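First, one chain by itself in structure tokens, the form deposited without adenosine-5'-triphosphate (ATP).
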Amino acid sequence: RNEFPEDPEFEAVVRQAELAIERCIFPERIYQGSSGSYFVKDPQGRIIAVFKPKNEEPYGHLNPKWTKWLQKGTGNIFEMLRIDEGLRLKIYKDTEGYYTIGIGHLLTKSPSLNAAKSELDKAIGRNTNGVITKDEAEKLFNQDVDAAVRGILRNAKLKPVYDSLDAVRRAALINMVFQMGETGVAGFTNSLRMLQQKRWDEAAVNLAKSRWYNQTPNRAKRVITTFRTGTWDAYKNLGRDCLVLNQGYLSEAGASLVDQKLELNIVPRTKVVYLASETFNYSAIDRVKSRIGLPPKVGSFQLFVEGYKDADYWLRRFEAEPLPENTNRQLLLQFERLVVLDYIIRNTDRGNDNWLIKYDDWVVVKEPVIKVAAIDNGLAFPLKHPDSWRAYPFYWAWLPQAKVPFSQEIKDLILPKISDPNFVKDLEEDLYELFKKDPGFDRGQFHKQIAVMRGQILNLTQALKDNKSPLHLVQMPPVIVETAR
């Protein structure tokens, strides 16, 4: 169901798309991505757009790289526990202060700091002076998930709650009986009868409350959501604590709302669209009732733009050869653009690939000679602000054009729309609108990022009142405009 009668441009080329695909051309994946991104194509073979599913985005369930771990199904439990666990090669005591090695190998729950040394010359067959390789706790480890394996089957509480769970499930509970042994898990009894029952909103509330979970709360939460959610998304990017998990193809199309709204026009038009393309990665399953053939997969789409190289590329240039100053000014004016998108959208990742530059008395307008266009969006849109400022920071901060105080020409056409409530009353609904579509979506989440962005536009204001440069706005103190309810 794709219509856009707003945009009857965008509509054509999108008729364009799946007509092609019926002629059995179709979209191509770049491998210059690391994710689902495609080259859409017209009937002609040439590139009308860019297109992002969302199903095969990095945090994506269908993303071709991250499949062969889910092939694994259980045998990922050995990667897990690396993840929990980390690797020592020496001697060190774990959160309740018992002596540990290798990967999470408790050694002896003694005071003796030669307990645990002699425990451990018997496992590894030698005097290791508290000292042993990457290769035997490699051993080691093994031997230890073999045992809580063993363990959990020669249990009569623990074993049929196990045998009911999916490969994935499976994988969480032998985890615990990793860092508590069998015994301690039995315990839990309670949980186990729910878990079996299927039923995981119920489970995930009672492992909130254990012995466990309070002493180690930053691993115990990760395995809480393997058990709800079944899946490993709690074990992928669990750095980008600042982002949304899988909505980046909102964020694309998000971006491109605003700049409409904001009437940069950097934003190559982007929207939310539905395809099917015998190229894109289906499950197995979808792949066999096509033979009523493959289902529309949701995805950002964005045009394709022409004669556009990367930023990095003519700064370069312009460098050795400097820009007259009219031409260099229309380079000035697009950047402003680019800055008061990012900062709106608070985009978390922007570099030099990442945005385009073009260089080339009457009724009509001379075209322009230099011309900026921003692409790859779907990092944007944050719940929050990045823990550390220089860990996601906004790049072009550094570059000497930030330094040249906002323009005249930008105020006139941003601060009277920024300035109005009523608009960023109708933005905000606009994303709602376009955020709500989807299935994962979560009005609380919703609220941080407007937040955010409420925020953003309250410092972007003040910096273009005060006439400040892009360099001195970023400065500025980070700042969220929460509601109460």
Contents of the next structure:
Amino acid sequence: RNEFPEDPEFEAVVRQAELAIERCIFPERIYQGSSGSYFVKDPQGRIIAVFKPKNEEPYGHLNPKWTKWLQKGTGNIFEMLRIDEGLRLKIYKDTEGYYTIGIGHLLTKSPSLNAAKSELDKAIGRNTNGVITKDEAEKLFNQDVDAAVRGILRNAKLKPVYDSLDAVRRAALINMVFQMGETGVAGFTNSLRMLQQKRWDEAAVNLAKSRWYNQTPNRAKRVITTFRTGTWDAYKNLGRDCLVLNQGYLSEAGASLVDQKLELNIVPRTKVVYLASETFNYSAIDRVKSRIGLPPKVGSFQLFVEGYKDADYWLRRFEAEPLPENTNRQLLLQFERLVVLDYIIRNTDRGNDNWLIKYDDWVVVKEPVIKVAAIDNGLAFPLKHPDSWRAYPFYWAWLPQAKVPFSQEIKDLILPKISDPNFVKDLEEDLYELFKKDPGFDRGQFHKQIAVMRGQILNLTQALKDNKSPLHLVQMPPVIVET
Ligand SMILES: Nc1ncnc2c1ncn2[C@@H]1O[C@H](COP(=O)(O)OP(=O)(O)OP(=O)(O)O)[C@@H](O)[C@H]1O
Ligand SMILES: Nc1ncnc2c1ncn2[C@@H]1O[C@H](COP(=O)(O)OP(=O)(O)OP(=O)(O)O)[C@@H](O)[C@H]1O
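Pass me the form solved in complex with adenosine-5'-triphosphate (ATP) as well; I've looked at the form deposited without adenosine-5'-triphosphate (ATP) already.
The complete assembly is shown below, putting the previous chain first.
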């Protein structure tokens, strides 16, 4: 059900896409894309669009890169604990103050370092002098995992639960018996009951309250969600966490909404579109029921533009051979629109590969020589400002173009809109109607998104009134406007 009566040009392109699929001309996967980025083509083989299925997103469930991972099932217990325990080749103290080594291997609860060092030689088979190798730490690791699996299966309170768990939760319980040992996890009998009855939101709470967790919450909270969600999501991207989890396609489409309303027209038109293609990455199940073929996947569909190179490609050239004044002033105006987009949607990823330039008495405006396309917008609309601005900056702030004060032209375009509270209200309702359609939508998460966006507008409004540069704009302390 793909229709956009508001945008018959967009719909027409989409219809060529579907028809081209019917004719067995499949969107082909961009190499040097996310595994989940595709080139949509029409029946004549030309590239009309870029398509990014939600479920093939980097955090995506059907993402090819992480498919290898989901097979292991419990066998992910190794990587899971490597991440939680880290690696050390020399004796250290654990969270409780106990002598430890390699990957989470507890030597003794004794205060004596030679108890521990002694205890270490017993294990390794030589005089270690408190220092072991990578292979030695790995050998302790397997034995300690076996000991956990044994601890679970030799135990009456634990075993029943474990057998009722899916491959992933089992891994979580092993995780626990690795840190606390057999006997310790069996004092949780409540949560084991819930886990046992399959109520996830039940148990995820009680483990939230324990002597454990309290000591190492950062780790504890990582399993609890592995218990609650039956997935590896806490061990995938720990953490981006500036952003909502698997809504990249909506960022993509949303970026295009904003462009539309502010009338910037740098974002090639992008909407939420459903497509089915044999070239996509589907569950084996789905592949089989098709024999009634593959189901359509929901994704961002962004129109394709020709004649453009990397911002990087061109700016490199304009520096060696500077543009004539008049053309170069057309660049700056395309550039201001980009800064406004990115500041408003709070893009966390814009590099010089993430935007594109094209360089070529009357009723009509002479065509512009230079023009800016803003692509790859699925990393915006954060839940909050990034903790270290250096990790997720605005790259264009260090460009010289960022030094030039905002043009009257932009103030004229943008101030009347973002100064009108009814514009910002309408803009937020439109984003809501887009975002609420996601099955994993959360009203509370949304409000935070809007808060950031409202704080960015607050800053941009005053930056524009003062004729500040883009650079001075980003130096303004980030704010949120919270209801
Ligand atoms: N709308 C578009 N029109 C024309 N070309 C595009 C468009 N979008 C992307 N491209 C080209 O395809 C490449 C796709 O890059 P894009 O970053 O959008 O996908 P991605 O690589 O999956 O994202 P990421 O780089 O974050 O993994 C771009 O570098 C650009 O060269
Ligand atoms: N590339 C950028 N992207 C985003 N924000 C930036 C960028 N460059 C500067 N800023 C913002 O401008 C402000 C300028 O601070 P700057 O780093 O120049 O001095 P500073 O006081 O050392 O910053 P801090 O001590 O907070 O790291 C920072 O608070 C930051 O918010």
